[PDB]
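Shown here: the complex without one of its protein chains, the others still in place.
To keep things simple, chains are lettered A, B and C as they appear, and every chain counts its residues starting from 1.
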Amino acid sequence: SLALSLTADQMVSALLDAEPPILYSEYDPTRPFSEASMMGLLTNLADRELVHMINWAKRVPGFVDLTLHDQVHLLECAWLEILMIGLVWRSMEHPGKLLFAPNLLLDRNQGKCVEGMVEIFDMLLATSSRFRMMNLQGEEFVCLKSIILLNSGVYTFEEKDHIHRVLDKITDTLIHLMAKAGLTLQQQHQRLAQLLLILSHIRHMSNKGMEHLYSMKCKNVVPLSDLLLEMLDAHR
Amino acid sequence: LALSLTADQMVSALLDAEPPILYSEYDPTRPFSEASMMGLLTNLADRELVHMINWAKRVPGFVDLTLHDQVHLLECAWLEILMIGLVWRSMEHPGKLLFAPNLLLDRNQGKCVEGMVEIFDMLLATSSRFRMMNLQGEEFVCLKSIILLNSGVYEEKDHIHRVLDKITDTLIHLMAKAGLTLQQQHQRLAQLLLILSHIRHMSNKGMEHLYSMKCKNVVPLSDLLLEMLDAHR
Amino acid sequence: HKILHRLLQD
Partner (left out) sequence: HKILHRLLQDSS
C-alpha cells in the first residue's frame, strides 16, 4: 500500500484534498417545519452527502487497498458517525447551532419539530462546542474523520493488520500536527487522547440516531432512499 | 488532591481499588434455557454493580464530583465497565467469555439466547484484540477509569478533564517504562482509546436488547439494573 | 431516592 510511504505532510494534503463538498438543503423559507418536512430535509441532505462520502472514502489513503467487501463493511458501520463529525465540524463557528447546510441552520429549538430529536441535537451541540473550546483545526478534523472510517468497523471483521497500520500512520500525522503547532510532548498526547475520547461519544450519538431512524422506518412515513435503507439494515 | 498523584501512585491506587472476580450461581446440572442464562448473566451483573459502585468511589477524582454527577457517570458507563471487565478476564480464554470462573462461555452457547450471538462476537473480538496488543493490567485499570469519567461527560467541569489528562499521563508513563519509543507510545495510546469506541458500541447494542427483554418476556431484572436501564431510556 | 444514589452515600 502506498499509504504507509506517505509523510505527515503528504498524509495531510491528501486528506484536505479528499474533503467532500458542502451541500445545500432544499431551499424553502416556509417556516416553521413540521415533522415530515424536517425529517425530509435531513434525509435528503444525508442521502446526497453519502454519494460524496464514498468518493471521499476511496481517496482516504489505504481505503482503496481494501477488498470491496471490507470497504462496504466499514462504510456501513460508520456512515452516520462520519456525517455527524462533519455536521459537528461545520457547526463549530455557530455556537448553539447545527449547520446542516449553509442554508439550513437549526438552533436548539426546532429540534422539537421532531419527537426525540432534541436529545440528539444537544449531544451534537455539546460535541460541536467541545470541538470549539479545544480549537479543533481542519487538519485535525480530517484526521479524526478518516480514523472513524477505518476504526469503527475494524473489530467486526492481514487486512485488519493493514488497517491498524494505516490508523497508526494517521496517529503519527496527528501528533505531527500538534508538534508543528508548538505543543509540548505532554500536551500532544493529552490532546490526542482528548480528541479520540470524543470519537467514543460520536459513536454514541450514532447508535442513538440509528435506532430512531428505525422506528421512523418501521413506523413508515418520512420516505427514506433505498441507499439509506441499505445502510440502515446493516445495523439491524 | 487527585491532581497531585504521581503516575506510579495512580497505578497503585487504581490497582488497589480493583473489585473481586465474583462467581456465577451457575448450576452445571441444570439444563440451559433462555430464561436461565439471562438470569445467570443478570444476577452476576447485579452483584458486580455493587462492587463497581464502591470501586468508583476509589477512582481518583470521582469523589470530588457532586453526588448528582457521580450518579450520571455510572448510569452512563455501567455496562461499558462491566463489558471491558468481562473482556479483560476472558483475555487468555480465546473463543471463550469468562463471565465468571465457573461460567466460561463460547460463541455457540450464546445462540441459546436470540440476538446474543452478535454481542458475544464483538466481545470476543475485543478480548482477542486485547490479546494481540498484550494489554497490561496497569493499562486496563486506566482504560476502565477513563470509561467511567468520559462516557457521561458530554457548569464548567474541567476537573473531570483534569483527571482524564492525568490518566493519559499515567498511560504514557506506563509505556515509557515498557521501553517503547515516543512514536510507539502515541500509537499504542491511540490504539487503546479507539477500542473504547467499540466498547461504547457494544454497550449501546447491549442496552438495546435489555430494553426489549424488560417489556417483553420478563427475564426479571434486579431493581438496581432496572434503574440503571431506564437511565438510557 | 434512587438506589445508585443511596449506595453512593454509605
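Just so it is clear, a contact is a pair of C-beta atoms (placed from the backbone, for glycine too) under 8 Å apart; a residue touches a chain by one contact, two chains touch by 3 or more.
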item	value
Residue in contact with the excluded chain [from A:13, A:34 or A:55]	A:55
Option from A:17, A:158, A:161 or A:226 whose C-beta touches the chain left out	A:226
Sole residue of A:4, A:14, A:72 or A:185 that reaches the chain not shown, by the stated touch rule	A:72
Sites on subunit A contacted by the missing partner chain, in the whole complex	51, 54-55, 57-58, 68, 71-72, 75-76, 226-227, 230-231
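In this section, only the chains that are shown with their structure count from here on.
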item	value
Distance between chain centroids, defined by C-alpha means - subunit A, subunit B (Å)	26
Centroid spacing, where centroids are CA-atom means, of subunit B and subunit C in whole angstrom	21
Inter-chain centre distance, subunit A versus subunit C - centres from mean C-alpha coordinates, in Å	38
